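Below, in structure tokens: the form deposited in one PDB entry, a single chain.
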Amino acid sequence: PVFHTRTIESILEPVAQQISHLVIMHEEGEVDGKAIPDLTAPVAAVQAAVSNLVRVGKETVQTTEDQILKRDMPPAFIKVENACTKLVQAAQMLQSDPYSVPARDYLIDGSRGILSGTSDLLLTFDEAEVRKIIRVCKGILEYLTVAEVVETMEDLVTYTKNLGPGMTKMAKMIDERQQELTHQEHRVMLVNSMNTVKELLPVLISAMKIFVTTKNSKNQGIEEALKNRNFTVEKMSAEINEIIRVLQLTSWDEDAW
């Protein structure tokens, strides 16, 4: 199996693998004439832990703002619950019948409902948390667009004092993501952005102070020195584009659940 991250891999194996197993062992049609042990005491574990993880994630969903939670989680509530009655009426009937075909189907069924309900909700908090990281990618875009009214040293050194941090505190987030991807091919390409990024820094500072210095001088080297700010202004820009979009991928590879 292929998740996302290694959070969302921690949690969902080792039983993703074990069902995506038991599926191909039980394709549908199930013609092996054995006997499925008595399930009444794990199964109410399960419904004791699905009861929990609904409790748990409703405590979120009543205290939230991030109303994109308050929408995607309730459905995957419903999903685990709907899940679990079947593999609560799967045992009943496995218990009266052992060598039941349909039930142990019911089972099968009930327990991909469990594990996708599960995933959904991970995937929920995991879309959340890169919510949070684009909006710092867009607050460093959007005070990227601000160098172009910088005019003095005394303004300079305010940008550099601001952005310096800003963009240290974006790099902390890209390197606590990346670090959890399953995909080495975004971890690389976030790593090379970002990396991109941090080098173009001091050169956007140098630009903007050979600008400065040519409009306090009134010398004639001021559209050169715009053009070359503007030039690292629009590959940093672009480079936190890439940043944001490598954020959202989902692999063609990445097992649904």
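Superpose the two forms; the largest set of C-alphas matching within 1.5 Å is the rigid core. Positions refer to the first chain, counted from 1. Compared with the form deposited in another entry:
In the core-aligned comparison between these two forms, the C-alpha of 58 is the only one from 198, 209, 227, 58 that shifts by 2 Å or more.
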Second form
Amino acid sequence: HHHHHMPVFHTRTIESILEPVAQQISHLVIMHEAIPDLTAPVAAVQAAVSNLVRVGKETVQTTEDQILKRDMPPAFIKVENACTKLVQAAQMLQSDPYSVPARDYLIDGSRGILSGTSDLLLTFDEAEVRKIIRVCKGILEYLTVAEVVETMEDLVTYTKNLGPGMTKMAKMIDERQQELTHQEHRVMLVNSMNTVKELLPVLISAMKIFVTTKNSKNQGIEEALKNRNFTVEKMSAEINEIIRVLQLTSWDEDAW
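Return the form deposited in another entry of this protein as a structure block, the form deposited in one PDB entry having already been given.
Only a single chain is listed, so you will not see partners or other molecules.
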């Protein structure tokens, strides 16, 4: 009588790993059927989980990523706990193959393993996104340097630096949106990136005008400054929106 929900995974990669399990769990939940001796297959799951936990502990204990270090354990904890339910189920089924409580454990344990493994994969996914965010923040920081460019020589250096930086950022975003399952988020990323790319030449043009105006005589630089600053502000707004969107999740990603 309880309703359930199989996840719409966060990325295509996670989907390809976990979809089979989710589909098989759904099939068993919906099925109309005694259960055979599951001691051995459950033991194989137990062994796999133990290996995974061992590797997870090594990672937690060696990673310099303080955030990964903190978010990982709860996921492995959920997986281990769910595994204990499968073990209990197999033990119960040895004496009573028709046990209803045993079947309940099998289902809860299977779902808990799916949910814990998904949580685990999402923690590693978040670490990957943090790498993209770091690049975005480097661009925001470099945009603050525009105001210090006051010679044509420095403008050449600046453009030759910001240009490739934007290209790298754009590539990371393009690759990321291609991995996302949620269409709404992909659209936002692509739209913001396009806006940012379009503003780049506008910024360089504004900086060239500022440099030219400054290095002249009796010209007022107030307008050139304003126009440069306006463009930097718009670009920074767009990049912050990319950073915000890269971190969005969805309710439909939960399994229950």
